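So this first bit is one chain, no partners, the form deposited without its partner chain, shown in structure tokens.
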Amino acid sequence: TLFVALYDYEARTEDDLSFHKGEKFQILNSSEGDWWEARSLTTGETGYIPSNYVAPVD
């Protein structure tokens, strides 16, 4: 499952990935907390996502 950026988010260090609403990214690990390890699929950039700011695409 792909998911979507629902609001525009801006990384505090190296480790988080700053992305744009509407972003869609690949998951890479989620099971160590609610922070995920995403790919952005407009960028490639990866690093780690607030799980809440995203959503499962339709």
The other form holds:
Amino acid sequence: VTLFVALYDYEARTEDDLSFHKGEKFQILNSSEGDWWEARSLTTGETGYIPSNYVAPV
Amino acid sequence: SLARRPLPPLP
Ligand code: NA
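Can I have the other form now, the form deposited with its partner chain bound, not the form deposited without its partner chain?
To see the whole picture, the full complex is given below, headed by that same chain.
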């Protein structure tokens, strides 16, 4: 429900977004406002936005 | 706002 996995690698193009690799796990913190979600990376602990078409629920 | 930007294409 709130734990998601990256399906593809992604390199951030803004200071606000996270970069990640395929298979990295995230905790979602706010998915209410649009199709970019606020998340916390379970590898780095960093929080920022991720594109929701790049992740799926575990 | 950051949430409502267009999504990137899938690879
Ligand atoms: Na998704």
